[PDB]
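**Student:** If you want the building blocks of each chain, they are given just below.
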Amino acid sequence: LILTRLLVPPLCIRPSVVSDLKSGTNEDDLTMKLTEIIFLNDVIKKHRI
Amino acid sequence: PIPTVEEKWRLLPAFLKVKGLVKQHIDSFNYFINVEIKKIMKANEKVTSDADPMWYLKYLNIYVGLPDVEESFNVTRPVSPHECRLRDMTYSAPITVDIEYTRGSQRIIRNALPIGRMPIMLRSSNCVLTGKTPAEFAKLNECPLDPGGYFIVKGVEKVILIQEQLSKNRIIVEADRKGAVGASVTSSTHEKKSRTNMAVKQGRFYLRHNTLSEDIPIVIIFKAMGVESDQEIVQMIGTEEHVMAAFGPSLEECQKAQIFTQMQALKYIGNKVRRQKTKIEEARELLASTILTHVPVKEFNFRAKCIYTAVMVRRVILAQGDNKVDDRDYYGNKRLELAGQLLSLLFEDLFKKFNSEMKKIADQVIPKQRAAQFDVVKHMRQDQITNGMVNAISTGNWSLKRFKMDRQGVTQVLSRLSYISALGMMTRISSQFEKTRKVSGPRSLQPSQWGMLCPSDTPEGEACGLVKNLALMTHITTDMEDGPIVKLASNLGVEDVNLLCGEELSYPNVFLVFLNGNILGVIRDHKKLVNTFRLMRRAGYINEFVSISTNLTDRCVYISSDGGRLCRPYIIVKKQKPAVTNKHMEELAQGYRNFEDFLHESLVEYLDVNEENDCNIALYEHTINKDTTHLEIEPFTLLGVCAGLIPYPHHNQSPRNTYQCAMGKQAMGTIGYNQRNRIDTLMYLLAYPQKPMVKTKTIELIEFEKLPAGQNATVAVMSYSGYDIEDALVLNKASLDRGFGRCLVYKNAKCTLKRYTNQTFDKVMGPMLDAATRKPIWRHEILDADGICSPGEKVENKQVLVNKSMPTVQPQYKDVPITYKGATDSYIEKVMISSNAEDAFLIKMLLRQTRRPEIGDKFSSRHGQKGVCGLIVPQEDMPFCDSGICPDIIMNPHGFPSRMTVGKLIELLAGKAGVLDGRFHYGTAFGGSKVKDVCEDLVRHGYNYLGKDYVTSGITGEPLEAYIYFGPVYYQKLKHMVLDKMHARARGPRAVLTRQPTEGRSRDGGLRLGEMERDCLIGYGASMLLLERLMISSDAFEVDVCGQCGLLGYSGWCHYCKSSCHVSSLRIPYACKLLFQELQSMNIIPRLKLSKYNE
Amino acid sequence: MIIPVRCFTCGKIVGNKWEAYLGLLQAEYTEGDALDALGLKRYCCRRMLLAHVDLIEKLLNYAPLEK
DNA sequence: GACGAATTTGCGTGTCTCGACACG
RNA sequence: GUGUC
Ligand SMILES: [Zn+2]
Ligand SMILES: [Zn+2]
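Chains A, B and J, in that order, give the protein sequences. To convert, note that position 22 of the first sequence is 271 in the deposited numbering; the numbers rise steadily by one, no gaps. Reading the second sequence from the start, the letters are residues 19 to 294, 303 to 835, 848 to 1133 in the deposited numbering. To convert, note that position 1 of the third sequence is 1 in the deposited numbering; the numbers rise steadily by one, no gaps.
Just so you know, not all the hints are guaranteed correct.
Unchecked claim - To give an idea of the chain J side of the interface with chain B (calculated C-beta under 10 angstroms), a few residues:
no., residue
1, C10
2, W18
3, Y62
Derived from the structure by calculation, the hints contain no laboratory data. C-beta: ideal position from N, C-alpha, C; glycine also.
Work out the full structure: start from the sequences and follow the hints.
**Tutor:** Structure, rendered in structure tokens:
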């Protein structure tokens, strides 16, 4: 009932947006939240030492 | 018989020449860039740093220039609106300020310091399009009939819609789910929006404001304000037998709690108050300038505030026990908001931001300096102001948290479909409520509005009253000051409220004076006050836009001078008779004695909604009675701009009137005088526009006879073979071939191309030749040797217009050839090549397509009767009557009774009589022409008198037993042709997220099958077709899972068991498998159990 | 924009009398006088000249002219 | 006379609140 | 967001 291991979903379920505007990519909000929570996973391991 | 002056119809044109319809949109902006722009400069006048009190800057004077553009290098030349409309530029002028700053030790006064730009209206005072002549209007390539009033930002016309809001600085008393409650909203010039409310429960009054934790008794607030003795408290509340039985309980529960001194009440409040300096000072300053800031306090005196709260409590008590309640549907309280004060708030917030952050630009440099003097004009910036202005105008996100406000959908692109849709959008008004089903009062037509908002003018659909339009004769009042008003009121003999106690205000003879929600004092015999104020207003000393009213149920006189009120002129009468005579209007017809001196001679005057509450107005001059005070000039000014095109509106029904005023802006026609030069996205034009025979005076007021959007055609009201069912109409093939109803569509295709931060670029190769013969390839056929298409050519389906080759990131180039997509075969009109403000080449192309009316096109009758065309009939049919005149459009007599439209037959009769005689007949509302003098004129020629003629059927060759109704009618062609409303798809592109047809026709998508149509298939009981067109034709996928543990495998292989023994497959829609793969990441694993279909 | 060459209902040539109708409206003639003197007798081929706007005249002031 | 147990009632919070098509 | 049913 307690989450300690997060399951990364497949990559085909979160398509990436491409722009004919700026040679630009746009990620899914799930991917951005994953990259934001992984940065929180490394900031705690640095502070203990 | 009574003396009647049949001349007052020329007052209205002279009044609209001064102001009115759209001139107020320019008045609000011309007054803002001349009065408020310097008030804001004086507000934020001195700003200094805190490092050392030696550096400071001062604001002397600020002003704006004329519309100018900054090109390559110090190039400021006067630009015209058309140039900005074609170059995708923005119409703006710089704001040059003369400030002074002290660097080192000496003071520097740099004159003409530019700080930013600001958009300028098309017909404003600073623009070039003012005071010109039509010959000079044609020199700048601009339509002289263009009313203007919009903003040009990035080559689009943006207009700010007027928005209505509730009145501030006032007391409301409304009933809610349990009982009655009074409320007060306070918001002055300074940003302080407060909402206090007093509620009643268990016979106990409680004051609620979001700054306090919970309720505070009113007697506690009184004792904290300064009134200590409980006797004068009830004295101020009211000395009556029934008001004491309701005020005793609160007094005794106040006596229960041990609070008898000011310090006790202050400590009690401070303990109650929560905020994220002692408690006594906290409660003192919280009662000082937090609750009610619209009532200023001189030193620390809470007396005006406590008398205000006492009269509020008295109004609540008198509301209690009765059914007297205040509603929000009254328009005398509702105020309007133009684009002026919105721009004011935006500009003051941007200016405060620019002053406060630049204060921090030189705050990190003074200690960490390198020399003795600091220059600030090099520590200066001019992009935030322009960026903010353009963003707020184009984007439409009015977000000011300094003002605690977020508003969306304020600016909209100007409708350029027709000439009526452009002007009718300028008078469109938006409401503050959002588009919801709960509303029924505000959507309902209120009796309050009379001659201010058009009743018929409203879109039919979801919003059925949230969007309203202004009337012909009305004016929006701007804001003023109250100095001389208060001075004259004090000299008239009004009393100071600080001298008399609470007992005298309960006296019935005593009347209270209210000025913009502020108690001035007590006045006796208010009739003399009102009379003298009205006489002084008619004199000329006080400005004419000051309202005064009196209410006897609460015995209070209101003096309203706030901006944003509705004003329309009324003719004054004196005891039996209108002051305006024939000799006064003969001079107006001569050329002197205009509207302003008419107002200066005390002959007409403005009245508001609340001031006409206590006044009697006469409709005509035969209904004038002995108590009538004012006379309405004309009764046909009640109709709006879109409702002024309907012949005999009183003859027609209100649903038909609404349908017609809604369809009048969708009718296609000519746009203006320069339609060949302007290049808009989509343009609909007509070939040969005719002139309406039965015209209206409103048509002449707007000069619609120069740009009509319809054609006159012969109509025969009779049933035909089979194709005039409910709304179908029959056309004449010969007339369509002759050219009745020829339309033209103009589409825009623009392409910009720029450079990058590196030395990469774009290029246009051009046409492609082959090796057999020297011909352009089929792909690039229309392309010129330059690389673009030349005008005067014919482009077919999926052909290249312009070659666009851009690098991937010596370099490899990917070609992006712009391809024209269309079922039709378009034609090229012209090609424009220019440069924008950011040094990029822009190529625009205008594509023309001529279309003819066919089966499936929507037409209207300008009387709320719309229909698609039925059968196209040749000329051998369509019987002539005697002379050989054939019906151009067959009308069905079966849609007349239910729709209940009588003005159509009258308009037909008048048009026939006019085309026979040779003069246009007037068909204005509440007048025009009758059916008694016109029918006797139709006899002189030789025709029948009302409508009938002898017809000879053509398909048989026999006469018709009954007679048929023939006559010319003004018809109009609308949009939504069957050529564009036609789609079909079998196998096209799919989405990447889910394998399903995409949305829209521009991407060649399919149709949606919702649940309501699924219920019809379920009620029948068919299961094969329900599964065939939801799983077989939409998304059929073959997945595989395992029997040991239900999970999604791959390639007949599991990663959980690592064995392919227990592996099977099934058919599932891709949506369900996607949902399973999405839920498995939510700690929800759908363990599946397979089985044989035989099992 | 321009006067139609033929009528819409019957098909009578009405495009050869526009300039004559204009020149006859300046000789102190009534609209009906000009209309029944030109030759129009019925009303289906009479509102082509009576109710007609001239926008090509205003469209030539914005037309490209040579310098 | 004084303490544990069960009843009725004012008050706190979450969810939506019909369909379809076309254009920028 | 606008327009129609
Ligand atoms: Zn398995
Ligand atoms: Zn004819």
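**Student:** So, for every hint listed, does it hold in this structure?
**Tutor:** These are the hints, each one checked on the structure:
no.: 1; hint: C10; verdict: holds (6 angstroms)
no.: 2; hint: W18; verdict: violated (12 angstroms)
no.: 3; hint: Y62; verdict: holds (5 angstroms)
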